[PDB]
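**Q** The lines below spell out each chain.
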Amino acid sequence: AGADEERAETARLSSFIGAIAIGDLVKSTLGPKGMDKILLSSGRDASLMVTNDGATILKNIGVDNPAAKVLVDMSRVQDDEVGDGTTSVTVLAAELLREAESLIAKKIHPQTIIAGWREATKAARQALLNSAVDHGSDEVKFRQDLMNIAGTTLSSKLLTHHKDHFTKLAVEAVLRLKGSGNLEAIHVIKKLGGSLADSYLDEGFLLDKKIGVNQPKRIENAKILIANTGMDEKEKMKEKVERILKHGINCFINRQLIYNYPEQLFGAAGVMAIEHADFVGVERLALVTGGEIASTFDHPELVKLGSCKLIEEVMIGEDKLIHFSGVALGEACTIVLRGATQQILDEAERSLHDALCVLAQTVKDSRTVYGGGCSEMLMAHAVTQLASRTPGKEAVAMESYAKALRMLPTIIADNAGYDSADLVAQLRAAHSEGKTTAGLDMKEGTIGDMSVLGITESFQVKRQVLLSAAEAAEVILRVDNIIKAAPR
Amino acid sequence: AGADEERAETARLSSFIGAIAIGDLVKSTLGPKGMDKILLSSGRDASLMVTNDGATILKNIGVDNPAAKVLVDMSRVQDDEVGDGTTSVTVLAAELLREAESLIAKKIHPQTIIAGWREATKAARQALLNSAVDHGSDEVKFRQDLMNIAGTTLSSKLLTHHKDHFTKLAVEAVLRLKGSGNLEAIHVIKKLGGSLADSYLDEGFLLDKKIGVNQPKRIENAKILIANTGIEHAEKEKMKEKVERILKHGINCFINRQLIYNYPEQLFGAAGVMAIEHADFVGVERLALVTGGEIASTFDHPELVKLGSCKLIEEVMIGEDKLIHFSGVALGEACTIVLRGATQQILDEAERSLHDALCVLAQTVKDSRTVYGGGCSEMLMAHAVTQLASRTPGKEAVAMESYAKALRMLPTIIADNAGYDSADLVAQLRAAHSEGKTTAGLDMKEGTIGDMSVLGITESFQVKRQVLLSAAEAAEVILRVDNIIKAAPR
Amino acid sequence: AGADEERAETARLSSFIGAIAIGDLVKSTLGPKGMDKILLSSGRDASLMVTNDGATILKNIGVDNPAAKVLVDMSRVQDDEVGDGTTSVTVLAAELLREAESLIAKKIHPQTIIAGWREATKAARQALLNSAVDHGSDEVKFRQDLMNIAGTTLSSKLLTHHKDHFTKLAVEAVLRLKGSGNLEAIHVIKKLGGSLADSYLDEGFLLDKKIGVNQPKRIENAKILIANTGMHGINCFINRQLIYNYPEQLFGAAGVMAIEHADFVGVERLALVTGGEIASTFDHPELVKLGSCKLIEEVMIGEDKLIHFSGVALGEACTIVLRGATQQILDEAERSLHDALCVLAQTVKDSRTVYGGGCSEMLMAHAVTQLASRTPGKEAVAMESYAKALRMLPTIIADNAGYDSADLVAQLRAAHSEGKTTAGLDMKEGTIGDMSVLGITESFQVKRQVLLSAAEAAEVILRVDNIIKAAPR
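Protein chains in written order, with full-length UniProt numbering: chain A, 14 to 245, 271 to 526; chain B, 14 to 243, 267 to 526; chain C, 14 to 244, 285 to 526.
Chain A on its own, in the form it takes in the complex:
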């Protein structure tokens, strides 16, 4: 009969529906007893991607017309600057929409109500002012380094027995990277095969290619050559050898197909070459080795810089790999993971990417909050009082924000295996008293001292979630429906 026509309440509903649909899938994923999800789609999806990381699955795929893709894109900026712990930021933003039902009771102007978000700024600061932080995490630190937040990030994924040990490893990796210039040079891959450790740490960069069956096994005073252009007649062979012998070249890495004639040359010379090396691995390596200029065959000598420690092909345990290590820069390092080997193990690939940005900001912030829901209840006690102080225009919107915090305590306990109702009762009383350390103890079935557990949440996750959620939602709530955008 016509084309995309929305009026008063119907348009609001479309924004409203998108937030509720996303929340149900993500809530299971939000804690110690989180759930693993696998998605299967035709064309350029190959098979099933299992993602326990809410951010990764939402950014990758635009399932349908209803708006939510842009909100999802926003979460990624957060990921670079801290990102996770557990994915909770999307859920909290989504629940604000439910209150808009209340807003029709006023029956006047939703934009005016928006002044609540002006006071959201006031509310955002209340979390920052409130809770506390943690006492410890000085820098590096012998044992406060992990068995804390990473374990909680990890707990959602039930690989956490062999895996918590892997989670523990992640901190060591961040300590070397720690400093100005934040996140660079971390690639880490998993290998199929069993070991109790389920992981090895490499001081260098790990690849996975072989020249051929022939060629010297070990290279010394190793020099590295990287060529952008392929090797793909005798004169071409000769140019390469003449430049090569004087240098004493130990390894050649080319990001593409490699022509056969040079291959014979490298073996006799005493030089190990790599065929079709992935470009992304190469770029990281350049920062590591001091870099080099990959022009056509004039590429050797002084146009290139080559680090010279140790390059060798090492059986790590089960599957063969090639190790580049002891780089002069020292800034860039690589992590190698092993596992039980299954859906549960590929989950670790997911978890570590999350692990990688979590501690990246641990270094810069020098601030954190207590975990297990301790942070959320204290703020809720303070925010309830806020609605009364403000003028009535301000009070409705500010009060609505306060009740949102209540759901987080409920989800933590609910996944534990203990009835939610009893849990809510005891929790508020302990926070109201004034103890920041006290929180939800899932293991006990009641409440307990969070600090003894050692569960800590990044301070970084809390500042971005409050401010980002507040105006993101505010733009949509303030605005009464969008038009002349649709495709015909």
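Take the hints with a grain of salt, since some may be wrong.
[Claimed, not checked] Capping the alpha-carbon separation at 16 angstroms, the derived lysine to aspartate or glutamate pairs in EDC-like fashion look like this:
#  : chain 1 : residue 1 : chain 2 : residue 2
1  : B       : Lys481    : A       : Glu432
2  : C       : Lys223    : C       : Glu301
3  : B       : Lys441    : B       : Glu108
4  : A       : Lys402    : B       : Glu356
5  : C       : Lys170    : C       : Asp384
6  : B       : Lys276    : A       : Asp336
7  : B       : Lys278    : B       : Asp336
8  : B       : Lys230    : A       : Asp215
9  : A       : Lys431    : B       : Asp457
10 : C       : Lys473    : C       : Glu112
11 : A       : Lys358    : A       : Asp215
12 : B       : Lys72     : B       : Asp92
13 : B       : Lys274    : A       : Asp336
14 : C       : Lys441    : C       : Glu112
15 : B       : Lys402    : B       : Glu197
16 : B       : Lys120    : C       : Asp93
17 : A       : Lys347    : A       : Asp215
18 : A       : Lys274    : B       : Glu197
19 : C       : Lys119    : B       : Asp457
20 : C       : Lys119    : B       : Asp460
21 : B       : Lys230    : B       : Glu351
22 : A       : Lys522    : B       : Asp58
23 : A       : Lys120    : A       : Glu22
24 : B       : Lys222    : B       : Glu301
25 : C       : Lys236    : C       : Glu351
26 : B       : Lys272    : A       : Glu277
27 : C       : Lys441    : B       : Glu112
28 : A       : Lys119    : B       : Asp457
29 : A       : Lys431    : B       : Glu482
[As the list claims (entries may be wrong)] Restraint-style ranges between C-beta atoms, simulated for each label pair:
#  : chain 1 : residue 1 : chain 2 : residue 2 : range
30 : A       : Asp336    : B       : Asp357    : 51 to 61 angstroms
31 : C       : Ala24     : A       : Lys522    : 33 to 43 angstroms
32 : B       : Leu196    : A       : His148    : 51 to 61 angstroms
Simulated from the structure, these hints should not be mistaken for laboratory data. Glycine included, every Cβ here is placed at the ideal spot set by N, Cα and C.
Chain A is fixed; fit chains B and C onto it per the hints.
**A** Then chains B and C, alone, in the frame of chain A:
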């Protein structure tokens, strides 16, 4: 078949329908509690776009057959000669159409009524030469620099808690700009957080790109090269020509607005030179005024056909993110504003707000005069126009009378977006204007009426001159004609 | 969802429709170019009936289910208290309902909208003192005796080509009638006589009746007898009803002229003139009867014979005979003289007026626009709807004229905002002109009663929240 075939009541209606669709959309946008819209299209489009500015969104898409795209097109010329203010002109043109309803009651000849448009020319001249203006503005001005019109554009946006300060900053940018020629060389980008100031002012142009992972970390006494353009052994010659010419200059940086050949990329890193792939053309043109420019041609380009600014080019980090900064411009004509902002998503709306600031201020400095904002101007004129219809003879007057009631809708749109009831607001607004106070207007923050001048909100003189003439001419094309469309197909 | 129940917008519509349905039929009637309609009824009605004036037709029957009958009853009280003029009061009340569509736009409680009516008192004072009024109506009056309201009342009628002259004449009649004594006593009839003057003012009351072929032609020092019940020097006997045959033989020999089935309306006014009668049984002759004795005779005005009563001792009331240029148009003056006189009686008593041709309506409209804005929130929107109602009146006057309505609105407003109360709508001109030159004025009283009458009719919809039923099955 054929084309158009319209006459009688139906013909008037197609024009009538176009005006109503656009007016509601733009209505949300005006004033302090303006509405931001995100646009979804899956017809050769990739993502939802959000445009606060009504003019920008109308320009982007021509959705259907009815006439309206040309009316929309005209508003852009207005933006360069005076800027956006808040979008209001399109709404007034649309309401002209609504009294056509009383026109079917005419039941005789609509064309005689058309005399009103000629009358309108007399009327347009009645406000342009009358109530508006200000006294002062001697060039530069220590305090009269702003705290004015930038604020009204900002007031329409919620961010004016800390943002009114940002607005103050924008005129520093205009004072430096004046000189040599018009508005063009200004670039604005918003950062993601950490400042009370919520902004920083930069010496030169700000860019965000890398050559690749390899290449020197930093350069000094940087020289800038810009190119309009991006047997096997002869390939080597291109490599060599570039190196031979390059070494003598000491070339520290190369900026190219397009794809770049792989061979040169390698060379720049060993030399100590940083190159930029697919640099934005808009960034480049701004950069050219700043560096003294050059003439872009073939590899003959390096030496004195090129002018290089020599202070400092480096990739630097502010607070947390890493950006590349061009600094030390001799010209001073063009500078860049970097907003650190007070970490909020309102900050993400800083880009939205400053862009509006950019067009408004350049015009404000050379127009040398202003009007009172917040709808102060519209209500005053409306009280006066009721009298005007009665002075003219009945054929001319009837069209003139309709034009007068058109101004009435603006008070409602300004207040309605504020969040205070629109009905209540109109009654109190009219009473204060009637008394004789030009300064008095709509105080959206209050929800009632107040003194606009204390706020500092003013409109450029130019916005009022151009819109009054433009509304009348667009309207004339529609009513005088009952059968139209255009030439070419079939 | 079963049977006849209504809420908010749907319930409102039934009230809305009743006002609109009446307006289209009545609008046609207004103006010199007005129209007369014929109607045939379903129960206890013999045939199609045609009524020229709106008040007579509205009154006879309450037909339809929607409410509107109650509104109609009010107009007759207005007619008695002043008269028909040209029907227009009903049209003004109906237009107030149209603004209700934008009423929803205010978006909150329709009942406090009613407080707008409270504001209408402000509007009511506006219709007062900031209008033209008289500034001249001293007594008799050399030029402004007429050429005014009677002419406007007259205009809606077809005959206004020679008739407008007759209408002017009717004020001479009002001046003699003038005073607090018995308003009425004015009767006029047409005569198949000759051209141009089209009417002669004369000596006394005119009546078209005869006793029979046998009876004396003229009586002097006449004695008048009026009896409620059917059948001194007695000269004439006038009875309002059937007269018994036996007395008739007697009257002829005696020298007495009697009138069979004389109209009651002629009789009551005749009584004030003579000095009154106590109309009882045959005991009626002598003192209980008051007679006047100057002269009663049946005379030919210009050709045809009729009976004239004159020389009233009392002097309180007098009558205009008129004459004319042979047609249905001519005896239309019969209806018009009576109409013109009544408006004047109010004019002498009140000693206040205004200017006609819609001059009064446009001036007030310019002033009332200010009032809406001045009043607080809720009061302002309801008050302004009333103000825009006034705008339609200028349009209706012009539309019936056969002249361009759009052009008319602009020029009309143009003359009024200047401050010249004299300028108004001249339909004969086709544009705007000086109303005073025409000489048109409206009585002060007609404007206050119309305002009170229109306001109450509007409230029947609002003072009672609901009237019918909901869902039995």
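**Q** Among all the numbered hints in the text so far, which are the ones the structure does not match?
**A** 8, 10, 16, 18, 30
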